[PDB]
Amino acid sequence: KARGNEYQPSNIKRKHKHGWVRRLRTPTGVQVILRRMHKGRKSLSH
Amino acid sequence: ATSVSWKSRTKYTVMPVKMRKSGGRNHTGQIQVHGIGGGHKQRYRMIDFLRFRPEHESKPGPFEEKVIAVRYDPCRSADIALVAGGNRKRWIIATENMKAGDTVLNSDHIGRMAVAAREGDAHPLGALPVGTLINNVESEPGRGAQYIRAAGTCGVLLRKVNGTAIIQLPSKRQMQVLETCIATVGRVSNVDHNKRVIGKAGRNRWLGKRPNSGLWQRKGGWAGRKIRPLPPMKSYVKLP
Amino acid sequence: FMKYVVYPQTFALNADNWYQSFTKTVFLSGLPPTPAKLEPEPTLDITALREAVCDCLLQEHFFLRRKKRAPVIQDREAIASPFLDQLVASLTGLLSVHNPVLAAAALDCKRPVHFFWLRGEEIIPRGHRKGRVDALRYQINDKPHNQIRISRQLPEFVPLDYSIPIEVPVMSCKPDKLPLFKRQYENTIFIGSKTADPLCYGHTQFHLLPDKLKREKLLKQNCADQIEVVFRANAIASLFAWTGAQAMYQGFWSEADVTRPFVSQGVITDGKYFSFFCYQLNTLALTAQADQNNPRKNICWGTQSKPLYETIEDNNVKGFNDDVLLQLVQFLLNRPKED
Amino acid sequence: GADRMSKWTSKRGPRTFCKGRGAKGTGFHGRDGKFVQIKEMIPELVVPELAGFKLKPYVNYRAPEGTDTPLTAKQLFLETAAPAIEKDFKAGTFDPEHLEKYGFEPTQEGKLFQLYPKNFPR
Amino acid sequence: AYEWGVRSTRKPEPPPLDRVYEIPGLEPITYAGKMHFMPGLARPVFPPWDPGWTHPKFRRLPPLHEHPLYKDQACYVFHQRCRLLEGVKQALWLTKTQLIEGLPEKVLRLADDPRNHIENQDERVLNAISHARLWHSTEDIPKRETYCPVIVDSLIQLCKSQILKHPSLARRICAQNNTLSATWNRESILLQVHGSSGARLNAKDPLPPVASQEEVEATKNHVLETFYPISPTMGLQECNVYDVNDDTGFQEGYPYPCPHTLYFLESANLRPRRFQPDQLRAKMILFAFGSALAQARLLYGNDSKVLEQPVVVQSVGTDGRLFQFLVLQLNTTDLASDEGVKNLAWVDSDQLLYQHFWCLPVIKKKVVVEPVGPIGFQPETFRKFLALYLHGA
RNA sequence: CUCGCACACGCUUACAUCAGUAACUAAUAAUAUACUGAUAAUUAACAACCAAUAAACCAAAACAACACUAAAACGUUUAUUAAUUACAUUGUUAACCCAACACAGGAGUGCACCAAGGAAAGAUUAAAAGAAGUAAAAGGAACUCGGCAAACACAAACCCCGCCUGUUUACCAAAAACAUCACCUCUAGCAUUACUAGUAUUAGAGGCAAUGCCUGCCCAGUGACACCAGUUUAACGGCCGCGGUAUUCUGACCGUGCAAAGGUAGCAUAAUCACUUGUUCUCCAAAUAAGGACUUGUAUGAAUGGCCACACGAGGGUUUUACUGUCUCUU
RNA sequence: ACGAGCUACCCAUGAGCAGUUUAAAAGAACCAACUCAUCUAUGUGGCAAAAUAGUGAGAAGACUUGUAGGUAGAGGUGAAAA
RNA sequence: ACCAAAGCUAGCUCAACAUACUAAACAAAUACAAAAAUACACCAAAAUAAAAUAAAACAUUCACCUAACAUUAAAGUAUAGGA
Ligand SMILES: [Mg+2]
Ligand SMILES: [Mg+2]
Ligand SMILES: [Mg+2]
Ligand SMILES: [Mg+2]
Ligand SMILES: [Mg+2]
Ligand SMILES: [Mg+2]
Ligand SMILES: [Mg+2]
Ligand SMILES: [Mg+2]
Ligand SMILES: [Mg+2]
Ligand SMILES: [Mg+2]
Ligand SMILES: [Mg+2]
Ligand SMILES: [Mg+2]
Ligand SMILES: [Mg+2]
Ligand SMILES: [Mg+2]
Ligand SMILES: [Mg+2]
Ligand SMILES: [Mg+2]
Ligand SMILES: [Mg+2]
Ligand SMILES: [Mg+2]
Ligand SMILES: [Mg+2]
Ligand SMILES: [Mg+2]
Ligand SMILES: [Mg+2]
Ligand SMILES: [Mg+2]
Ligand SMILES: [Mg+2]
Ligand SMILES: [Mg+2]
Ligand SMILES: [Mg+2]
Ligand SMILES: [Mg+2]
Ligand SMILES: [Mg+2]
Ligand SMILES: [Mg+2]
Ligand SMILES: [Mg+2]
Ligand SMILES: [Mg+2]
Ligand SMILES: [Mg+2]
Ligand SMILES: [Mg+2]
Ligand SMILES: [Mg+2]
Ligand SMILES: [Mg+2]
Ligand SMILES: [Mg+2]
Ligand SMILES: [Mg+2]
Ligand SMILES: [Mg+2]
Ligand SMILES: [Mg+2]
Ligand SMILES: [Mg+2]
Ligand SMILES: [Mg+2]
Ligand SMILES: [Mg+2]
Ligand SMILES: [Mg+2]
Ligand SMILES: [Mg+2]
Ligand SMILES: [Mg+2]
Ligand SMILES: [Mg+2]
Ligand SMILES: [Mg+2]
Ligand SMILES: [Mg+2]
Ligand SMILES: [Mg+2]
Ligand SMILES: [Mg+2]
Ligand SMILES: [Mg+2]
Ligand SMILES: [Mg+2]
Ligand SMILES: [Mg+2]
Ligand SMILES: [Mg+2]
Ligand SMILES: [Mg+2]
Ligand SMILES: [Mg+2]
Ligand SMILES: [Mg+2]
Ligand SMILES: [Mg+2]
Ligand SMILES: [Mg+2]
Ligand SMILES: [Mg+2]
Ligand SMILES: [Mg+2]
Ligand SMILES: [Mg+2]
Ligand SMILES: [Mg+2]
Ligand SMILES: [Mg+2]
Ligand SMILES: [Mg+2]
Ligand SMILES: [Mg+2]
Ligand SMILES: [Mg+2]
Ligand SMILES: [Mg+2]
Ligand SMILES: [Mg+2]
Ligand SMILES: [Mg+2]
Ligand SMILES: [Mg+2]
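Chains as they are written, first to last, in our numbering: chain A, 87 to 132; chain B, 16 to 255; chain C, 276 to 614; chain D, 531 to 652; chain E, 75 to 467.
Do not rely on the hints blindly, as some may be mistaken.
Unchecked claim - List time: in silico DSS-like cross-link candidates among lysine-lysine, alpha-carbon distance up to 25 angstroms:
#, chain 1, residue 1, chain 2, residue 2
1, D, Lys586, A, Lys101
2, D, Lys541, A, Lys103
3, D, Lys648, E, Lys180
4, C, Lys495, D, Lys554
5, B, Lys33, B, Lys104
6, E, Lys217, C, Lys469
7, E, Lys180, E, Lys108
Quick caveat, the hints were computed from the structure, so don't treat them as lab data.
Sequences are here, hints too, so could you generate the full structure?
Dropping the structure here:
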């Protein structure tokens, strides 16, 4: 019915989907971290 | 991610072990079989299909056991029976007229004389008369009863030639195996399973059958009444 | 609504005084005045009672063969709890001949006692309800080791309007620094049974101290004066909750203040030591709007700790105190009035 | 959405997430679910006697300082072991096989406070 | 056959060794020098790690044959929660006793005598039942694990209330969780009742024998019924480490030596977790037999002989509302041969204290059809319990 | 006037005290839980972390006495090892979360319906038009596509379509669509991750829809088995012309031709091309509306299923009263 | 490359359905909590990038719902609404 | 008269040279859900580049298109091309 509230916060889900261990457990996430470091991001992951 | 199967249990247990159903999902997570999922919570009763299984290797002779209870099993369409003999109990597939407090004999001896086949007996195909009704038939000696198990289904022994037994399966197909294969005489319990009626669409969901898709598919060449010849005999005896 | 959870067996340093502030009860050292109008009844067998007590000691300490306890520390919980149960049962059975009430009494084994009351006011400091007056609520959920419940109430110790020069200690501080913490759950008033139980009165309570409140534990924590304070707080909380449950089962509450005092006896037992308390509830109007002109105060009579045995060794009891046994005998032989 | 620049601490998590603030553990978990604390694991603060110690946290201002000469291995050897080895060599008693008497240690695993493994906190 | 293990969930086989390790006289180059894994180097093989200093918590479990008490002959242990297939039948076979339906004559005479009754018997029993089922807990419907011990202790206190009239019950004391060990060899089978019971009442004075010599001699002509397909050791724990020692719950010089009554409680919320009445009766038979064996072997000796003074023990099992009473008289010790005298047992079974209890008032068609309280009440079960309690005096 | 207390998840100090608000935030002031500065705070008993290895163990939870089918989470005991010695670490505020906002929206659980929470109106006048509510003479659907809305009623019936409960186009379509029990086909004689820890009374790929009467003809074409013949339509799908004839309308009948058969039973102006407002009867004073009959519908038709039937439906049409501002005609 | 914290469907673990008629916990009936959204009127840069009020259907089941996980685009899932 | 407008600086870009090429800080913790001292393992992996465009369409073809051999000529020559 009403949209826009699709983001229901959850720390466990956030850390299991975009956490550091989740990023590093796959080579694609490692490449994502490499791209963020090359760009100079202050926060690489959650 | 990859899921782990629930069947991690090496030791045999009489008590029902809890099982994790998976609806059409393989180890990857994609649907491989459609129309499965959302069933009722069930436990698994460990069934010993190898009927002739002596307790101790010191005495390999035929052994007699006693039926304790005939109970319902949600996993299969048949009704199972707890049978105790020696120092251990086990679940087996109950035949048609097995009741609580019955005698069961399990033998592998073959002689020139056929044994009077009762309903609870488990004798090799070579020791049974030429035209008996059998179930839980075996492929290779010692392999185990993979074949007939469903409620009310039973094959028929046809003939024994050259140390080799031929049976007729419920699909009216002839199966050739060694005469040493252990089989149980009689029909499987719950013969009225074919005559049961599902009262509503909810009973299918209780059994765990998701409704079919609504996509209308036009019938192809596969559709129609295909009158085929009977397939040739399936033989498992490895001729040298 | 929100309420404090008051624990009888507490680890706070000086919690007896805080419990007195919460309860409006005054603590008097020593036994209450003895009603010397008694008949020459106590001709019992002191030797037989000593034999029974020593047999219980030896059975729960050396005779009873249990499973091999790998921790060599030999925790006194599993050593004293069955001992306390068997001692209570044996004493009740032996003294029931002299006291017919104990035969008709019911013995509760580790059955909870719940009480919930109000005391004073408090302006809400934080939240959207800041600046409004909220009454302080307290709840006691005790688990006495052994309880004795009877049919008729025991007689009072002092009259209803008995006055004491000693005043209740009042704290110029919040209860959260005891420390106490607020919690919200079901606030039940429970005596040991439901209201339909014909035994709406009781006789005596038994409380076994936990391993957390051991004398050696307190000494290692550098607490010597708090050994008696632990007993005082336990008795003050438990007996008051028990008498309040009795009064509110009889039908008295803040606006229906109690007409006849409710008396209570309590025995608190460590692994080795014993202590005895007597509590008399007279006033139940502890709320702010009814305590404005309330002169009556609750009274708790207390006794100092006193050991029963001394380093029993190899099925032989070395030391024994007959005065503790006599005090237990008097507590169990106190009888309701006959009419 | 949620914040990423703030540090991930124990306050911003569920009940099942309870992370320490950096303190060292003092024991383990026993049998009945309780925590068993080991007295060997807690740091024992070795404090000296300051009653007869005639030293103050501050120095006299009129007192002079010194030229910065950091201590080094060669200087320490010269102050400690060089005179002894020199005396032994002059007397002819110097033994290259055994140098333990001059303060040298063959292995570190023997003594209590070891250097390379750094068994002492401070 | 059909192996019950699955290759996907079983422990994986170690990966095949690198091709370097099959070359004779060649030293593989691995990553063990850098203490971390790096591709391109061979997999190092490590010897079994040996913790020269043994740690209690983090060491491997010692094998069973290393234990000093390990013995070759497997003993069939019966512990507290053992289940028996043919409960009464296997119990009788393993214990060598003859079963009797009714309670003993002296028990009946003590029970049916109105003089030994309580002042207000029916009212006190109803009050105890109501307190146990409803009043003892703040919850509306208390659980069986709660109201089974409560009702058992309430009945015990009701029986104790008769000590005023009978000044002989003071010779008894209760006991909780005491180890019982009674091992015997029967028909070349080493059985051992070993474990702990719910509650145990002990007394200074022995319980007089109840079986008469006529019944004892008639027991000689009785034959124990046999079950062929099932072995007598069904449901027992086959153990290889044990001690052949008659260890009762107490040490020597105990003041209350003779066990009077065992108390068993089926305090479990689930029917599968509870015992069947048959299995409960078997458990009581075996535990009373173990206690009687301990007493007989501490009084007379370890020799296998017929007892001129039989040892009689009592037991009560409580499901919460169903009571099973048992009086077992051990008369012989030699159980290897089946041609001798058999022990005796009176098993009074399926005794309902009350039919049903309604914790809440059931309302049908806007009216109360049945009020709060137990529907159906059989005081005879309580009378038998009181007779068992007062059997000593 | 009554959505209040607490906990879980989530936000991080937005919480408390003092001081200031000319301006910054409140959609405006007063002042301040929402702005600024300074100082303090949430103290564990509630919660997180809190044994393994073998063996005895089929007997449901629903007041559980004992039973039903869909067969059902939730446990002890025994034996071997489980550092043994106070006080460990962590969450404790809030008027708060997700919606760009101090948003009439979306939010799990335990308690009671107030003993707790708040204010519809910034101040006037009382124009039109608009939204909401109440009441109404006589009439009582005459208004309108439709009785939509409203109403002092809140009933009885007749048809079409789907058996029924249910699901669907989040955000213009909730249905006559899908699914459904039932009935039919086809595809498989079998082992360690789906199917399945199952074995043809089984498991998949599908069609049509309970039940009752039934499902008529055809392998000529295209598919599928058979590796060619031959079998299959509850497979894809098709089931006729021309002309004269009984006594005038018709054609029982005959001649001839092509086909694999030439549309059987049933129903019928239908949700069924156009002619159509087909003809006739009932209902109304009037009817292209509704229902019942006639019926070549040369483009109806039998599991892409054909016919009736109970119950059912916010599905689509038609009536009888009762009801009323829908309307006469608004106030 | 990143997405199943919304939604489609599953997998583990939990929680809810008060009252009334009924031998019934009958994919029964009335009506609450709860879940959907039939009709109308406002709203149409609004309270709202789908709402409010009135009125409706289900309401012991093919029912809702909390937490965690999985199926990722030449695909997933789908009681087919492309 | 408000609103306003104007500075010359921070710094950037293109090259050349150049040591030879992942800057500084790393006391403690950092791939448990990162900044959380501490327990009997599993660790790991490779299989062509495609198309948008041009040929006025589009199927064969379409340089450069993250692979060192640079410069002056041979030479836009021989050849390869739905030629
Ligand atoms: Mg958004
Ligand atoms: Mg199945
Ligand atoms: Mg079945
Ligand atoms: Mg289907
Ligand atoms: Mg379909
Ligand atoms: Mg962000
Ligand atoms: Mg947290
Ligand atoms: Mg929290
Ligand atoms: Mg501690
Ligand atoms: Mg925020
Ligand atoms: Mg302002
Ligand atoms: Mg501020
Ligand atoms: Mg708070
Ligand atoms: Mg206004
Ligand atoms: Mg107006
Ligand atoms: Mg109006
Ligand atoms: Mg009106
Ligand atoms: Mg009017
Ligand atoms: Mg009209
Ligand atoms: Mg008109
Ligand atoms: Mg209407
Ligand atoms: Mg109407
Ligand atoms: Mg009407
Ligand atoms: Mg029509
Ligand atoms: Mg429908
Ligand atoms: Mg129907
Ligand atoms: Mg769906
Ligand atoms: Mg929807
Ligand atoms: Mg829509
Ligand atoms: Mg609808
Ligand atoms: Mg709609
Ligand atoms: Mg349909
Ligand atoms: Mg049919
Ligand atoms: Mg049909
Ligand atoms: Mg047909
Ligand atoms: Mg064909
Ligand atoms: Mg053909
Ligand atoms: Mg017709
Ligand atoms: Mg029709
Ligand atoms: Mg019709
Ligand atoms: Mg037409
Ligand atoms: Mg129309
Ligand atoms: Mg009309
Ligand atoms: Mg018409
Ligand atoms: Mg018509
Ligand atoms: Mg047609
Ligand atoms: Mg058609
Ligand atoms: Mg067709
Ligand atoms: Mg269709
Ligand atoms: Mg509808
Ligand atoms: Mg209708
Ligand atoms: Mg519907
Ligand atoms: Mg008017
Ligand atoms: Mg996920
Ligand atoms: Mg999800
Ligand atoms: Mg209901
Ligand atoms: Mg219903
Ligand atoms: Mg609405
Ligand atoms: Mg209205
Ligand atoms: Mg309804
Ligand atoms: Mg309905
Ligand atoms: Mg494409
Ligand atoms: Mg697709
Ligand atoms: Mg469609
Ligand atoms: Mg379409
Ligand atoms: Mg082009
Ligand atoms: Mg161009
Ligand atoms: Mg183009
Ligand atoms: Mg290209
Ligand atoms: Mg060419």
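* Asked: Given the hint that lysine 495 of chain C pairs with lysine 554 of chain D, does the C-alpha gap stay at or below 25 angstroms?
  -> holds, 22 angstroms
* Has the given pair, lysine 541 of chain D with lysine 103 of chain A, been kept, meaning a C-alpha gap of at most 25 angstroms? -> holds, 20 angstroms
* To do: Quickly compare the C-alpha distance for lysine 217 of chain E and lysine 469 of chain C to 25 angstroms and report which way the hint goes.
  => With a Cα-Cα distance of about 16 angstroms, the restraint between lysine 217 of chain E and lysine 469 of chain C holds, given a limit of 25 angstroms.
* To do: Verify the proposed pairing of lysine 586 of chain D with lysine 101 of chain A, using a straight-line Cα cut of 25 angstroms.
  => Between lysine 586 of chain D and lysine 101 of chain A the Cα gap is close to 53 angstroms, so the pair fails against 25 angstroms, i.e. violated.
* To do: Given the hint that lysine 180 of chain E pairs with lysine 108 of chain E, test it: the Cα-Cα distance must not exceed 25 angstroms.
  => Between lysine 180 of chain E and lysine 108 of chain E the Cα gap is close to 86 angstroms, so the pair fails against 25 angstroms, i.e. violated.
* Does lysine 180 of chain E lie within 25 angstroms of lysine 648 of chain D when you go C-alpha to C-alpha? -> This hinted pair is violated, its Cα atoms lying about 82 angstroms apart.
* To do: Take the C-alpha atoms of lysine 33 of chain B and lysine 104 of chain B, compute the straight-line distance between them, and say whether it is at most 25 angstroms.
  => holds, 19 angstroms
Violation of the numbered hints given earlier is confined to hints 1, 3 and 7; the remaining hints are satisfied by the structure.
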